[PDB]
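The complex appears here minus one protein chain, its other protein chains still in place.
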Amino acid sequence: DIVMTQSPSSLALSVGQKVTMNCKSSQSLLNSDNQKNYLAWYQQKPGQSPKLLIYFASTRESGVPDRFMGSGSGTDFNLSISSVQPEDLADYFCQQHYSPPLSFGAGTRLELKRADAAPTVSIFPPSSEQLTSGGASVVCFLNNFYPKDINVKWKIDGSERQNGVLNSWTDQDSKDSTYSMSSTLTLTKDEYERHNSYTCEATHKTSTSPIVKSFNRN
Amino acid sequence: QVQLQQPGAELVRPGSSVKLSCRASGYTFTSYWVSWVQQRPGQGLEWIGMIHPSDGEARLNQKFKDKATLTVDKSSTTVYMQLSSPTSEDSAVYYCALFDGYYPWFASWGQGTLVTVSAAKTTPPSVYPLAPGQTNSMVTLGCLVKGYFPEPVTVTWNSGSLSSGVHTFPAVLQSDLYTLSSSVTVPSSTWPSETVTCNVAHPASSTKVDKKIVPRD
Partner (left out) sequence: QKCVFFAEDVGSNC
């Protein structure tokens, strides 16, 4: 099986800028007899099926704008866009069409650059309604931050807690180009009632210190 | 135009028969290879294998040798992939795709079928209001949507009339059921004087729940 490596897996861009996305393969895709390289490129947008951009490393599929350009040879390939447009904000992955089984890269996601923004952190205790049913979910929203990289940690009465933490992230905002994250610590009511102090802790580039929201059960 | 028509979503019970359909039109069904392609949640694409509908010859990826069975119904020009012994590991989007004529890349794709493998019963959501226990110019309110099955749920605020300042997060798997949350950010001077209610529609359980967010006592 031929292995396809696309690094890095995301790029932050201004519109109008040239971007170059890399694809390496574990075996040369060059055919010596015809001197052609057997790599395809695809564009995918969330909730949509992939779209053919390039085949034989550098041939644009008809209908594909000429700002899209494929290049390289052997094990090293690049997809460039000369002026990145808003509609070009998508996932792009390579596929060797050299030998079966066909194989794809993990893709490179193209994202919009914007000023660093600190997350807005809100922590919410369990509602009385959940409690009477033997469940205690503590919710933490970390909203409208940039860049996307964030680490959230929970503390119960001083101790880090990992079991029962479930996290969810939004794709970049089409309005303000920020990212948002939801972190939920789910305990039994029995464990929730035995502790006082609940803290949600954010590590983000925008701060030297944890961004922290906590409540006491009293 | 070439068309490859796949269903939006199939729910398949463990140790049961995932038979996925790909209806072809606008081209000679019997002339070209049809591939199946796997996309696990944000994990990149896996080629499962391909079948030639002229005679039903199947070349599989070695990875899917004991897992995938490919067949063809020439009279309904439809391609079937069947997954044996399916687990939650096989929950993914499954695309069918056509080679660009005789060339081993994909000009034409189906919309894909979201396959969920699970033994969960249809369960409506529990909706919990998230209200603030501190003063600022803005205030964030929420809804925790917990223990529903299957996907999807639809969340609006004030029946769609609040849309700015809304973050509805993708669902996570919790206890073989789905949990999800939604935050809304409004001016502090306006809450709770102007009411804020989250609406959660779960079509599969034929259920909708509304929770008005009231201040904590």
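Labels for the chains are A and B, by order of writing; each one numbers its residues from 1.
Note that a residue touches a chain if its C-beta (ideal position, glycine included) is under 8 Å from a C-beta of that chain, and two chains touch if they have at least 3 such contacts.
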Taking the full complex into account, find the residue in B:21, B:54 or B:77 that is in contact with the omitted chain. B:54
Looking at A:14, A:17 or A:99, which residue reaches the missing chain? A:99
One chain is left out of this view; which of A:29, A:138 or A:140 touches it in the full complex? A:29
By the contact definition given up top, give the residues of chain A that touch the hidden chain. 29, 31, 38, 97-100
On chain B, the omitted chain is touched by residues 31, 33, 52, 54, 57, 59, 99, 102-104
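As a working rule, only the chains that are shown with their structure count from here on.
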If you average the CA atoms of chain A and of chain B, how far apart do the two points sit, in angstrom? 18
Would you pull the chain A residues touching chain B in the complex into a rising list? 1, 40, 42, 49-50, 52, 55, 61, 93, 95, 97, 100-107, 120, 122, 124-127, 129-130, 133, 135, 137, 139, 141, 143, 166-170, 180-182, 184, 186, 215
In the complex of these two chains, what residues of chain B are touching chain A? 35, 43-47, 49, 59, 61-63, 95, 100, 103-107, 109-112, 126, 128-133, 138, 140, 142, 144, 146, 167, 169-172, 174, 179-181, 183, 185, 216
